[PDB]
Amino acid sequence: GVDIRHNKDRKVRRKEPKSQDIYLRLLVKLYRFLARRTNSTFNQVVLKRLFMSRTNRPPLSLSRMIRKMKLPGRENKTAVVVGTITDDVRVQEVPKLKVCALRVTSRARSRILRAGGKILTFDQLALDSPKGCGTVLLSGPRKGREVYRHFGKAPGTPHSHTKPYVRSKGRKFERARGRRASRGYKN
Amino acid sequence: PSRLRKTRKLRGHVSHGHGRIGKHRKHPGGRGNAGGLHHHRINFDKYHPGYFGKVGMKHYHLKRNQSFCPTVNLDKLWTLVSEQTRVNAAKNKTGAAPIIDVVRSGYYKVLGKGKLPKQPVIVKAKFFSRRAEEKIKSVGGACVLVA
Amino acid sequence: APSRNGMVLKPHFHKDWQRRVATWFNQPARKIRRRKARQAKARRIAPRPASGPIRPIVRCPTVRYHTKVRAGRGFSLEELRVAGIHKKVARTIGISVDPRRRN
Amino acid sequence: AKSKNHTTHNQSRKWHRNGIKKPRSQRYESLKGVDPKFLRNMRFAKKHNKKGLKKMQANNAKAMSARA
Amino acid sequence: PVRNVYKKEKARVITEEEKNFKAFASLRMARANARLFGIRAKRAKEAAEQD
Amino acid sequence: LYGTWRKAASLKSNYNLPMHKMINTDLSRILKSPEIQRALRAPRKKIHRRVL
RNA sequence: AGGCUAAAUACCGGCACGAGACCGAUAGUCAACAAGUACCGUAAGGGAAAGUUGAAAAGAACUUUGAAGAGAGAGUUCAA
RNA sequence: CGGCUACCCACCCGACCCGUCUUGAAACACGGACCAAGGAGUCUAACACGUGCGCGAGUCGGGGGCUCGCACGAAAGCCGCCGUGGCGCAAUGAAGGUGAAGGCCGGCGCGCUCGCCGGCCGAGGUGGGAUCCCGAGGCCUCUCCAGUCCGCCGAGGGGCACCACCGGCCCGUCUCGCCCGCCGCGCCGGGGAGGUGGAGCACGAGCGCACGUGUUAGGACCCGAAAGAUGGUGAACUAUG
RNA sequence: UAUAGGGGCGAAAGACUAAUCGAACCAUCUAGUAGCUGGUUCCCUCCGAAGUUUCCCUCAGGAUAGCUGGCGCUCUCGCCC
RNA sequence: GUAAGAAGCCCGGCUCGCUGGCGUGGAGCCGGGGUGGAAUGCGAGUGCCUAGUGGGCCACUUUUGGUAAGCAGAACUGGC
Ligand SMILES: [Mg+2]
Ligand SMILES: [Mg+2]
Ligand SMILES: [Mg+2]
Ligand SMILES: [Mg+2]
Ligand SMILES: [Mg+2]
Ligand SMILES: [Mg+2]
Ligand SMILES: [Mg+2]
Ligand SMILES: [Mg+2]
Ligand SMILES: [Mg+2]
Ligand SMILES: [Mg+2]
Ligand SMILES: [Mg+2]
Ligand SMILES: [Mg+2]
Ligand SMILES: [Mg+2]
Ligand SMILES: [Mg+2]
Ligand SMILES: [Mg+2]
Ligand SMILES: [Mg+2]
Ligand SMILES: [Mg+2]
Ligand SMILES: [Mg+2]
Ligand SMILES: [Mg+2]
Ligand SMILES: [Mg+2]
Ligand SMILES: [Mg+2]
Ligand SMILES: [Mg+2]
Ligand SMILES: [Mg+2]
Ligand SMILES: [Mg+2]
Ligand SMILES: [Mg+2]
Ligand SMILES: [Mg+2]
Ligand SMILES: [Mg+2]
Ligand SMILES: [Mg+2]
Ligand SMILES: [Mg+2]
Ligand SMILES: [Mg+2]
Ligand SMILES: [Mg+2]
Ligand SMILES: [Mg+2]
Ligand SMILES: [Mg+2]
Ligand SMILES: [Mg+2]
Ligand SMILES: [Mg+2]
Ligand SMILES: [Mg+2]
Ligand SMILES: [Mg+2]
Ligand SMILES: [Mg+2]
Ligand SMILES: [Mg+2]
Ligand SMILES: [Mg+2]
Ligand SMILES: [Mg+2]
Ligand SMILES: [Mg+2]
Ligand SMILES: [Mg+2]
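Chains as they are written, first to last, in the entry's author numbering: chain A, 2 to 188; chain B, 2 to 148; chain C, 2 to 104; chain D, 2 to 69; chain E, 156 to 206; chain F, 263 to 314.
Some hints could be false.
[Claimed, not checked] Dumping the calculated BS3-like pairs for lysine-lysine here, alpha-carbon to alpha-carbon at most 27 Å: (1) 116/B with 163/E; (2) 127/B with 177/E; (3) 170/A with 59/B; (4) 127/B with 187/A; (5) 269/F with 119/A; (6) 51/D with 116/B; (7) 269/F with 97/A; (8) 114/B with 71/A.
[Claimed, not checked] Residues of chain E placed beyond 12 Å of chain B at every Cβ, according to the derived structure: (9) 157; (10) 168; (11) 193; (12) 205.
In short, the hints are calculated from the structure, not lab data.
Positions of the beta carbon are idealized from the N, C-alpha and C atoms, including for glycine.
Take the sequences, apply the hints, and build the full model.
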């Protein structure tokens, strides 16, 4: 024997993208070449986000993609998103900003072309910026998923605020013992 | 797909994924929700609080039909009518305001949120909230009750 | 028998459901039967239109669907008397007549 | 049918299989569990800090920028 | 036979104190009056009876 | 029956053409374009095998 | 506190019927065949096994040992 | 001539007969005479998680309808003034019900542990936070000079996601006090300041299909009982008239 | 010829009732349930336990925590600190 | 068990409805200053899903009951 330590062979990583999308594989090839040949950590992170799954790339929203450009210093920069930018029903005004994302929805593309912006894809973003200069890489609201609101140390023991599974949210379904002090214990 | 099944991979192993010592035979713990109070209390408690007992009043012959009131927010209040309508109605013409009826859209109660611009409208609904009514008064619109 | 954090399940399968399994293997069969029934009606019965008798404008009784509208059953005999025609004469003209519908 | 009653043998090894963890990361410590009279101090003090800190701190920043 | 009628009422001017009069409190006042319509009548009958 | 990316399908109700992921997808043209080869490190083709 | 009425619906029995990502004589109905047959139990009832020569019998004329069963020659057949 | 090998034999060394109950099997523990065929984690419904695809604050035709009669057609295509409906976009209450925007500036009432008027901004702040931006500086065969050229960085800034904390809003209860409106001046409604309970809000990420794992109920990985109920058949043996 | 199954019959042994009687035979419910024996079908590679806390009419069993595997995500190094 | 620093040290100033002789004390907020702060080794943090397990035994040392046990029961560590 040599290694007195435990044997953890592979750390965590996903090397090749599990998706069989040919377009995603071509983008993986192109951004892998740029990541290993341009010394660009932007291309490193975008290549890792292309290795990243469908679920861990949450859909970006149009109001958030406006507000992350409304901050000072983001006038002429391009909002690069590895993921989808969708419509928002809340917004009223759209600026003249540039979009570089995968699979922008139809109403979002329509409102951006009415507002006067320019949407791109990753090959056009690579032709315009090999190292990724003038870009801001954005990500979406992961923790607001319905799946993540069931996740915690417990459903209710220091009251725990983590949403136990039930059919119908209301009366007669999980509201009696441990949910109030009058009927048994209370958390 | 039986070719992608774990059973096809586990051919050759004697106990077949369930151990030689424990011997999972038929139903070792019971059936279904068996032992909800006696011996599975650490799984019915600590994972489903509230499962045992009565909670309140008992409305005999309840319907999910009389309490029908789908709520609309002030964010959703604008896109019930098209954007062309509000642009061509508030393109610097006069003090006229378009009517946004939520009853035709299928919503009954208007609730209060943010993002309500300067251009006032007239909202007709069967119910309102005081916050949404104050937001409509602040942007200058008119409140109309219908039935 | 239970497990980690999952929803409490009470399926209604304790009754011997395997005898009474009605699976729609004859759903395109009923579709072809009902197509041929409508076509044979439109051929053999009359030059009357399909869905022959005329249905009324009717509001749905609810606090939920009363904003919408519905094709009812019949023309509500007071309405038919104001229109001024006999009952079975209206039924042979093509007017659907329901004696229960009030106004 | 007498069985073994209770032991703590082969327990510290299972503890050190996964490396017993300090909580080791609490920056800006949690605030629940503290005196309600002290909280009636601190919340009103924080919201009046949010309200009335503008002009004196602004003139002090101008004065220290002029003197340094 | 559907004939989903489309009343429009597009052009109208913002008007007088109806917008100040049709506030949220009318619904709560009507709710309280519907809840207390009968007990006030009983108290009026008792006040007319007891002289 | 399907339409271009400008207009919708006139025979179908609510169908459009899908989103095109890579518009100009010539990967050889992209990797041999001067804008990409301007921003490359150097061709490092040495092997550097095991030294006894 | 009297009554009738077709349609949509159901059908593992029956008369014909067409198809199959099904099975292949230890499988598929118990039964591909003289199968609810042979056979068992007083009776209620239980209940099998069992497909394939060849293209056509052209199934081996005739000689010979043995009383025959069988065998050695000979012959038919692409092939005994 | 060469040749490892599912051929046979000899020699040196090691070598107890497999499978599982067990802390322990070669066991004087159990099953196995031998061989051929069959033989055991399947399917449905539901849930949860992960992954892949389509659309995306929407999503889904499984329910029907439309095509000319077609072997594959029990397929497939379409409906859209067929979106009825399921899930999600709003939660909290037992319920009546109620129901998520605040911040900045000027003036006014004693800026009074205190409200109004006018304008502006807009989902808050702090500490980390991939990335991105400005840039002192210096580096290229002899000089003043420049532009892209070789070429990074001290320091500064806006800060994705997410974590930790503070603050704010909504619902039901608790304490303290004042003010406002009248389709009618009442045991009428509404509003303020604090600490609590919620599966909340604090720019939403769901819907549909498929695959994988786990659980549940169905015969549920295969075989197995002493037993219970229902309906029939036997006094040709035997027991008694 | 009469008595037929929780019935018959018994000079009483719970003996006999078609080789079965301290509850007959045949079929159905029924593939009854079993925390209990036995078995569970191809290869290679990697990681790899426990017989412990608490609770249960719990002691041959289960739930929970611990031990374990898989799937990732967030970052960090390669250039006097 | 604890401490061996950039989450730390000092200076200046606001807020408080807590407290009170006192601009007193304490908390919070804002701005600025200098990182070379014991040794050795190592790249770390975190989320989801889940099988098996729930009959153990032996040995050095410390020990409980028993006269003693290859006996029954405990502690650390190692092994089966
Ligand atoms: Mg080695
Ligand atoms: Mg290992
Ligand atoms: Mg194994
Ligand atoms: Mg088990
Ligand atoms: Mg389990
Ligand atoms: Mg049953
Ligand atoms: Mg034990
Ligand atoms: Mg009648
Ligand atoms: Mg009748
Ligand atoms: Mg009928
Ligand atoms: Mg055969
Ligand atoms: Mg047979
Ligand atoms: Mg023949
Ligand atoms: Mg041959
Ligand atoms: Mg055992
Ligand atoms: Mg033993
Ligand atoms: Mg053995
Ligand atoms: Mg023996
Ligand atoms: Mg043996
Ligand atoms: Mg034997
Ligand atoms: Mg076989
Ligand atoms: Mg999924
Ligand atoms: Mg609807
Ligand atoms: Mg539902
Ligand atoms: Mg059985
Ligand atoms: Mg019983
Ligand atoms: Mg006799
Ligand atoms: Mg006798
Ligand atoms: Mg009987
Ligand atoms: Mg009985
Ligand atoms: Mg006998
Ligand atoms: Mg007995
Ligand atoms: Mg019996
Ligand atoms: Mg079975
Ligand atoms: Mg126990
Ligand atoms: Mg467990
Ligand atoms: Mg783990
Ligand atoms: Mg692991
Ligand atoms: Mg398992
Ligand atoms: Mg055990
Ligand atoms: Mg011992
Ligand atoms: Mg012992
Ligand atoms: Mg060893």
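Hint by hint, which ones does the structure fall short of? Violated: hints 4, 10.
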